[PDB]
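Coming up is one lone chain in structure tokens, specifically the form deposited without the ligand.
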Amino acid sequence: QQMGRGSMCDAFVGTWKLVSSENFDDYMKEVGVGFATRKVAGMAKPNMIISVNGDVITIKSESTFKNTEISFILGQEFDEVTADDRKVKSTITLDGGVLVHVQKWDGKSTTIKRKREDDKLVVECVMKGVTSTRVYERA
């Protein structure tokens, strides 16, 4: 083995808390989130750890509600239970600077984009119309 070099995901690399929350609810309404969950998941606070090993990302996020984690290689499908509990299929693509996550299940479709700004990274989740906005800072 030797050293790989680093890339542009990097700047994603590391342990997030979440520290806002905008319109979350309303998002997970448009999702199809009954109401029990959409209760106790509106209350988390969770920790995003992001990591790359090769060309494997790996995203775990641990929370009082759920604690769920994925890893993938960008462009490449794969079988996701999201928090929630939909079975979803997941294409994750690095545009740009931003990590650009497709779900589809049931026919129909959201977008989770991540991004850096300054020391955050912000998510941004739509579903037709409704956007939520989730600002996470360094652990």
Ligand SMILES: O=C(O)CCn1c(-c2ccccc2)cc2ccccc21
Given for the second form:
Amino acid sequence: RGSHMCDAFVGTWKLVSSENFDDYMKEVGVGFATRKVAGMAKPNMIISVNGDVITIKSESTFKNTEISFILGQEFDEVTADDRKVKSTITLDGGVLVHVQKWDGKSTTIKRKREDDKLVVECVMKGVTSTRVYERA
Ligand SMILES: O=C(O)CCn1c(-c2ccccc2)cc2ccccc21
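How about the form deposited with the ligand bound, since we already have the form deposited without the ligand?
Following is the full complex, with the preceding chain placed first.
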């Protein structure tokens, strides 16, 4: 019912910058045509919290996705690039840490507040992409 730290993430966010995302997606194993169309997208990401359930929606010309979850409880997720993964999202020190597991592989997406931005850092082995969103 009352305020939680998680509320710093809540709201409507628009992508403003993307660095190294094509190389990150190659590491993930996204095919060419999907990478090109995904990398063009300027999604809006809508984060909300209801009781213990956090919802992250991405809306764009590429794909609309929506996940709902409870921190530390694994779920099934079909990602925007069409992987079928098992995901767990935790809050570590203020950072939401989202680990996706599929086919023996793993990718971690961290989201954090920096100034008025929500920074999303996507990591697959040694390759990192930084995506910066701002309030809509
Ligand atoms: O949250 C994001 O900004 C990127 C989400 N995302 C996307 C994505 C694509 C288009 C629109 C939003 C997100 C592709 C993708 C591939 C691998 C891992 C994460 C991925």
